[PDB]
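Visitor: If you want the building blocks of each chain, they are given just below.
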Amino acid sequence: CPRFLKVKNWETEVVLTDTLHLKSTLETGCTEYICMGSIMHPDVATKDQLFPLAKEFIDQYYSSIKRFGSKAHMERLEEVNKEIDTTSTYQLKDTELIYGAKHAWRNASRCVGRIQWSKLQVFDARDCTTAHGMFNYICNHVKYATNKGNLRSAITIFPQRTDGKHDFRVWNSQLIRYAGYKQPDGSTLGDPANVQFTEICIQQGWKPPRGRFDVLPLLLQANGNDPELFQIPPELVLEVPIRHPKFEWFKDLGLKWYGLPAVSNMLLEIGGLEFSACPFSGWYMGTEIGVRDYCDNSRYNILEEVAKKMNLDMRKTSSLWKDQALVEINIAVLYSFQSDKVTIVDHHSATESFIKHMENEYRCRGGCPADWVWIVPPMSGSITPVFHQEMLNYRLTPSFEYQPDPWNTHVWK
Amino acid sequence: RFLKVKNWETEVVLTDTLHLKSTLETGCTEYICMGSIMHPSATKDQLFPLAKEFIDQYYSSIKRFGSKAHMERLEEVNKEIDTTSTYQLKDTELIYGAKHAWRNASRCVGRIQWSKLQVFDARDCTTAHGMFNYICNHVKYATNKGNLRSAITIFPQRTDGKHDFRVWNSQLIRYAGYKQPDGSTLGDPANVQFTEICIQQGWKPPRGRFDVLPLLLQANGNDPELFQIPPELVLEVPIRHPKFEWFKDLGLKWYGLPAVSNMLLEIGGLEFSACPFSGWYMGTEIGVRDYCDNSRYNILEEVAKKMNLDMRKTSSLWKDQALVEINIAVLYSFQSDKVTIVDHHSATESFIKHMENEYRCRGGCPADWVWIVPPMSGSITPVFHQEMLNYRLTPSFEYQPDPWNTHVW
Ligand code: HEM
Ligand code: HEM
Ligand SMILES: CNCCCc1cncc(CCc2cc(C)cc(N)n2)c1
Ligand SMILES: CNCCCc1cncc(CCc2cc(C)cc(N)n2)c1
Ligand SMILES: C[C@H](O)[C@H](O)[C@H]1CNc2nc(N)[nH]c(=O)c2N1
Ligand SMILES: C[C@H](O)[C@H](O)[C@H]1CNc2nc(N)[nH]c(=O)c2N1
Ligand SMILES: [Zn+2]
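Order-wise, the sequence lines are chains A and B.
Numbered by the UniProt record's numbering, the letters in the first sequence go through residues 302 to 343, 352 to 722 in order.
Numbered by the UniProt record's numbering, the letters in the second sequence go through residues 304 to 344, 354 to 721 in order.
Think of the hints as simulated: they come from the structure by calculation, not from any bench.
Cβ atoms here follow ideal geometry from the backbone N, Cα and C, with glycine treated the same way.
Hints should not be assumed to be uniformly reliable.
To be verified - Which bits of chain B does chain A cover? Going by a derived footprint, with three or more residues having C-beta under 8 Å, they are: (1) 563-572; (2) 684-694.
Said to hold, decoys possible - Below, in silico cross-link-like pairs of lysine-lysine (BS3-like), each with a Cα-Cα straight-line distance of 30 Å or less: (3) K618/A / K491/B; (4) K650/A / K491/B; (5) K665/A / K560/B; (6) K631/B / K617/A; (7) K618/B / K617/A; (8) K309/A / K631/B; (9) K491/B / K617/A; (10) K307/A / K618/B; (11) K625/A / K560/B; (12) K631/B / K560/A; (13) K560/B / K560/A; (14) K380/B / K618/A; (15) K560/A / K491/B; (16) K402/A / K307/A; (17) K665/A / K491/B.
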């Protein structure tokens with residue numbers, strides 16, 4: 302591979318120079334002959358696989374603290390090496406765990422919020438032994454992160470994978486999501502995307518309220534056991550009702566959303582160690598809710614209903630009636646979050662901050678991996694700065710990876 | 304391997320086999336993806361196997377692979393390369409090659425139309441005056457009084473790189489750009505340099521906002537010469553709004569014929585360095601990019617003003633509101649003037665149907681998601697949710713160096 306790669310901004314003419322890509326550790330899925338850049342998703354490590362991966366991470370940590378080649382550095386290496394040899398695995402120090410989480414976020418190419426990468430409260434839940442404990446740790450996460458509306462980003466890390474038969478898993482893909490109920494007539498109530506999972510909860514014993522916005526319970530798996538259900542205390546789930554600063558009729562749509570965006574289905578990889586349950590959260594960019602959750606056809610799909618109340622011409626598509634209702638819905642989303650003092654950021658602010666982050670990363674780190682397809686907002690794309698920014702995508706470690714859904718793999722005891 | 308692509312909205316899965324036929328790099332490796340890089344990085357012995365491959369897929373596509381017709385054509389291309397270091401395409405081959413280069417154009421959302429393309433063979437052109445005549449005919453045919461028609465004019469292939477035919481204009485029709493004394497820019501800022509090359513060549517600029525640039529035509533590696541297209545061939549649209557009567561007072565117009573002239577058409581290892589091609593506009597090209605790009609006409613703030621919007625915080629989404637209205641006006645103007653235009657909803661729908669067509673009859677369709685998704689309202693068009701595989705099939709339209717960075721005067 303070439304040593305220096307250039308990326309250009311076509312709006313501002315700025316050329317940046319990337320050396321970081323040389324440290325690339327995982328495969329992107331692309332080859333010289335084909336590009337999988339728009340593809341969403343393109352029994353444990355042996356002692357001989359683990360040695361190099363650990364050292365790689367440890368060297369990197371001691372590099373970051375300006376102690377590379379130090380006595381403490383070599384002692385730590387020997388300690389890890391002996392531990393992998395005696396026990397087939399090793400344990401991270403707390404300092405190492407905190408560094409790893411922050412760097413997994415820093416490396417997350419699909420994330421536009423990374424200017425905040427170094428400000429992450431890390432909760433070490435590695436002493437957790439049961440689902441009830443997982444629940445306690447998660448409720449504490451939610452309340453801390455929620456902070457009465459002034460959200461703070463956090464990750465809670467449960468015990469690492471051992472033999473693969475003893476995984477900790479949060480079965481929910483996000484900590485806070487709404488239920489979805491298929492009707493006999495074929496229509497859906499709630500969030501249609503969550504029907505499969507809503508059905509799983511009901512099977513496990515959940516009593517469904519069968520409403521439009523029912524917060525799903527947590528389905529929690531400790532130490533490879535069958536998962537158990539818990540209801541998050543309602544008072545811990547901050548919610549915002551959606552209203553419009555001009556249209557008085559918008560509140561009559563009976564829409565609201567949850568304040569805390571928290572991903573619980575991904576795998577944290579640090580020094581070759583696998584943290585299969587590592588829920589993390591930050592704060593929302595408006596378009597996530599206003600464009601995707603609300604306007605995707607497979608989601609709440611409210612464009613039609615909103616276009617009507619707006620008295621828009623809906624016969625030809627070239628009136629752009631769809632577009633005009635999209636903007637208003639996203640105005641209402643940002644307006645309702647700011648008025649209730651819940652932290653939210655619009656797609657203009659967020660993309661602008663990300664350009665500045667990316668540049669500083671090029672200046673200090675020699676690169677900043679980014680997935681344009683995820684980075685560009687799902688509306689008004691070219692009037693945000695990221696649209697015009699060339700990006701290099703590649704996969705540094707530590708990282709957040711995808712993993713199989715647990716209901717596909719769980720062995721019911 | 305047989306690769307699969309999923310649409311996440313409809314859950315339709317398609318299976319791509321066609322990708323196995325490609326041999327040109329895309330720029331990515333297993334460890335670095337350059338999916339958002341705009342521009343990622354011949355003799356007898358080089359020229360033949362390519363000639364062969366192209367002749368082979370031609371006779372395969374007309375259902376006579378290994379025919380007597382096929383065999384002689386191969387021997388034909390043999391001797392011709394052996395003795396002239398090149399070869400000339402049959403007419404039928406030229407037409408097939410052009411249509412398929414459009415078909416293989418990953419970045420093009422309009423490809424449902426690929427097989428309806430009027431091919432003007434201009435290979436007997438020898439002078440810039442010649443080229444100009446050919447181009448005027450192209451523009452006039454393709455404009456067609458508003459009922460636009462896809463066309464391509466193909467000039468003589470490269471021979472030795474020293475006698476290249478080149479259209480210096482990157483597009484056949486574009487407005488001028490003037491670097492003002494006070495530091496502002498008049499017209500289209502994208503064109504400031506090219507405009508200045510024209511003025512330096514004798515062009516008398518009217519210094520207006522929307523001045524059609526003259527043609528700068530290079531024939532056979534010679535110095536280029538200026539030609540103004542006759543105004544009655546250049547169809548333009550005044551932009552007005554269906555509800556906002558003040559929008560006409562903005563003073564905006566755009567040309568009707570989108571016609572890319574800076575690209576290289578490659579067929580059978582032959583290089584057509586001058587091959588302007590045109591179709592018809594998708595509304596967002598003008599409403600979003602041309603008008604609202606910060607480094608282009610940059611009209612967002614002005615429009616938002618006339619809309620009396622609150623422009624103090626970005627979170628009022630005032631920019632978004634203005635953008636939607638600008639694109640409504642654009643569609644409405646063209647439509648009202650019986651000039652062919654397509655909205656990003658219609659065009660994306662057509663592209664998804666086209667994709668399904670391709671996978672069913674051809675086994676795939678290379679598509680560049682970064683280019684296919686419109687620059688506004690992305691996820692409320694179907695292509696946002698469509699996984700697409702990108703790879704490079706030939707015949708293709710490629711990029712080439714700007715001529716002013718290579719030509720020896
Ligand atoms: C602090 C405020 C943050 C903001 C505003 C933000 C912004 C975003 C946005 C808009 C997305 C796209 C999500 C989607 O389309 O589904 C995203 C994805 C993502 N974020 Fe961030 N983010 C934040 C914090 C974090 C944190 C704390 C982490 C991890 C420690 C993180 C890691 C990721 C990852 C891994 C993805 C892609 C997830 C996937 O594949 O579904 N982000 N972020
Ligand atoms: C017939 C109606 C057509 C429509 C609606 C259409 C639509 C589009 C659009 C919106 C773009 C993006 C251009 C940009 O943003 O700069 C594009 C690009 C492109 N089109 Fe099409 N197009 C059409 C016809 C054609 C024809 C006739 C050809 C060739 C014979 C062609 C080949 C290409 C190529 C090579 C690109 C990429 C240009 C570049 O790399 O800058 N298209 N098309
Ligand atoms: C995988 N596609 C489905 C996404 C559904 C979904 C539903 N609720 C919340 C999120 C959160 C995504 C998300 C995560 C984080 C950490 C920050 C942020 N701004 N956004 C995602
Ligand atoms: C390279 N990025 C800037 C392009 C600017 C530019 C200015 N005028 C016309 C075009 C042509 C774009 C274009 C080309 C074709 C063939 C069809 C279509 N609908 N649109 C492009
Ligand atoms: C097919 C395509 O990869 C898919 O729709 C992607 C496009 N870009 C995205 N970008 C973000 N932020 N989130 C998404 O879910 C997607 N989906
Ligand atoms: C950086 C990125 O490649 C560049 O901004 C691209 C993005 N997508 C595009 N898509 C289209 N249709 N036209 C363009 O000029 C661009 N520009
Ligand atoms: Zn790629």
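Visitor: For each hint, tell me whether it holds in the structure or not.
Guide: Results of checking the hints against the structure:
no. : hint            : verdict
1   : 563-572         : violated (count 0)
2   : 684-694         : holds (count 8)
3   : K618/A / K491/B : violated (47 Å)
4   : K650/A / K491/B : violated (46 Å)
5   : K665/A / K560/B : violated (38 Å)
6   : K631/B / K617/A : holds (23 Å)
7   : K618/B / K617/A : holds (26 Å)
8   : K309/A / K631/B : holds (25 Å)
9   : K491/B / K617/A : violated (47 Å)
10  : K307/A / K618/B : violated (41 Å)
11  : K625/A / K560/B : holds (23 Å)
12  : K631/B / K560/A : holds (24 Å)
13  : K560/B / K560/A : violated (36 Å)
14  : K380/B / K618/A : violated (68 Å)
15  : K560/A / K491/B : violated (50 Å)
16  : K402/A / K307/A : violated (37 Å)
17  : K665/A / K491/B : holds (29 Å)
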